[PDB]
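Here's a solo chain for you in C-alpha cells, the form solved without ligand SFG.
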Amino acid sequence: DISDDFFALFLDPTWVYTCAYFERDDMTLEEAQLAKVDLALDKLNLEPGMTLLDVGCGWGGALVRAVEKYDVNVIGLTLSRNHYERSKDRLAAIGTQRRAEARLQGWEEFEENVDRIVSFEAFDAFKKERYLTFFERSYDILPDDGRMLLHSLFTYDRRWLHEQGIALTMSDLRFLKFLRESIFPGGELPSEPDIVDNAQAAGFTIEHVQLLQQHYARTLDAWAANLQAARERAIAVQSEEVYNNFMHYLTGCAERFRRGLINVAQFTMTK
C-alpha cells in the first residue's frame, strides 16, 4: 500500500482525497474541501442529533466536518485499513457527546437504520452488478423522509462525446489503460444512466444534479503542484517510480476533466 506519509505531502489538513469545491475563487485547498463537504451536507437538511452514514469515509475528513459543523452522530464505512485507522483516531479526538465511529466494513454488510447518507467517490469503484443493490440497500436503511447525497465520478460514451465536439485520442486510450492496469481510480466508471436509472428503480427521486467537472481539474492541479514541491520527500517515503506514476495520474486526470472526457457530480436523492 501507499503510505499515509506519501499522501500527507500533497493533501490538505482535512486528508480529503476527493473533488474539492472552490465555492469562492480564492479559497485555499483546505477551504475548498470543507466547502465540498458542506455543499453535500447542506443538501441533506441535517439537524443536530441525526445519524449520518458516510459510505467510503476515507481518512475521515467528511465525518469530522459533519460532527464539528453539523453536530450529528456519524458512522463511517471503509474497507481500507489505513483509512479506518486514521478515521478512528480523528473521530475519537473530537470532543463530542455524539456517537462518532469508523468501521472496517463494506456497505453490503451494513444494515442499521440511519437518517441520512453521504458518499464521496465510492460508487464509481463498485461493480456494476452492485449498482442497483446499493440503492436498494440505501433506500431501505433510510427513513420515509430520508435523503442521500451521492457524490460520484461518471463517464461518457463515444457518441455523447462526439455530440459535444469531443473525440477520444490515442493518448486518451493509453491513459485509460494506465488507469486500469495500475492502482488509480477512473477505470470502468459508471455512466450517468448507471447512477440515475438504478437509483430511480430503487425508488429515489433525483432532486438535483450539480456538476463539478472543472472543480476536479483544479483540485488535481493543486495536488500535483503540492506533490512536485515535495518531490524529494515523496521519493524518500516511496520511490521515484511511485512519484512519477502519481504525477502522471494527477496531471493526466486533470487534463481529461478539463477536456470533458469524464465528469463528477453530486446527486441529491430523495424518497
Contents of the next structure:
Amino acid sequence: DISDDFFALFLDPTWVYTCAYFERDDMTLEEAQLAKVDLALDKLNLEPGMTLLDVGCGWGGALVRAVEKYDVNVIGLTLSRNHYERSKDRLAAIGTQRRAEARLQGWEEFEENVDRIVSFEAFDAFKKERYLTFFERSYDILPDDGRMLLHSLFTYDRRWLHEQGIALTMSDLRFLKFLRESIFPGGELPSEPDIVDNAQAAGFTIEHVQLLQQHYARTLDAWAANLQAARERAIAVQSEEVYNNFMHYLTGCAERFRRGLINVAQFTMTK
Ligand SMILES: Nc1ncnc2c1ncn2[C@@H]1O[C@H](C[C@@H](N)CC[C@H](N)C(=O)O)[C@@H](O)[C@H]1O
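Switch from the form solved without ligand SFG, shown above, to the form solved in complex with ligand SFG and output its structure.
So here's everything in the complex, that chain up top.
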C-alpha cells in the first residue's frame, strides 16, 4: 500500500531495503549496500554462468549486482507486485547475454535446479511452520556442492537477553505490538535456533555466521535521516500518519539494534 515513490525518498539507488555493510567507515549508503550484497555473494563462490536464485528479491538490487559484477544468470522470487515490477524492469535494462528473470512466485512453488541461493531478510516473512520446509526445498534444488547465503534477522528471548545484561522494557513490548500491527517487519522474528537447527536438519552445514547488528543500527539511522530530510515530499506521497509511522519504525528499530535486543546475520550454509 506504500508507493515506491515513498521508499525512493529514503533508499539509495540500489533500492536495497535490508541491513547494509559499512565495510569501510566512510562508505556512502549505496556503497555499503553493494558491500553487503558483495559480502554475501563472495561467500557463494560464484563463477560466471552459474545460476543464482534470490529468494525474496525486493526491488532487484542484489539481482542486478549479481549480473553486473559476478556475470551470473539470475532468478529472483517475490510475492510483492511492486517488487516484481521494478526487478523485472531493472533486469531487462541490464545489457547481458545471461538469463535474468524476476518472478511473482513464492519459493514454495519454485522447484528448478539452481547452483547457489541467496536471500536477504525474507526468512522472517515466512511462517514458522515453513522454516524446515524452506531449508528442505533449498537443499533439494542445490547441487551436491551447492551453497546458500541466508541473511536473516533473528531475535533473542528474555533469558538469553538477561544473561547478556539486557532487559525488555514495557516500551519494547509496545514497540513489538506496533510492529505486528503495521506493515513493518520484526513482529514475528525467528530465533537463531529456528534458523540453525532447521537448516542442519535439512542437511546443511553452517560454515560461518557473520553478525551485522551495529551495521543495521547505522543503516536504520541513515534511512531515518534521509526520510526526515524529505519529510514534506514523503507526506505528499503518503501522509503525515505514514511518515510518522515510518520514522517510529526506523528510529525504534535502530535503537533496539544498538541495545542488542535483536540481531541480523549472514549464515553461510553448505552441503
Ligand atoms: N514465500 C516467499 N517466497 C518468495 N518471496 C517472498 C516470500 N515471502 C516474502 N517474500 C518476498 O521477500 C521479500 C522481503 C524483503 N524484506 C527482502 C528485501 C530484499 N531482499 C532486499 O535486500 O532489499 C519481499 O520481496 C517479499 O515479497
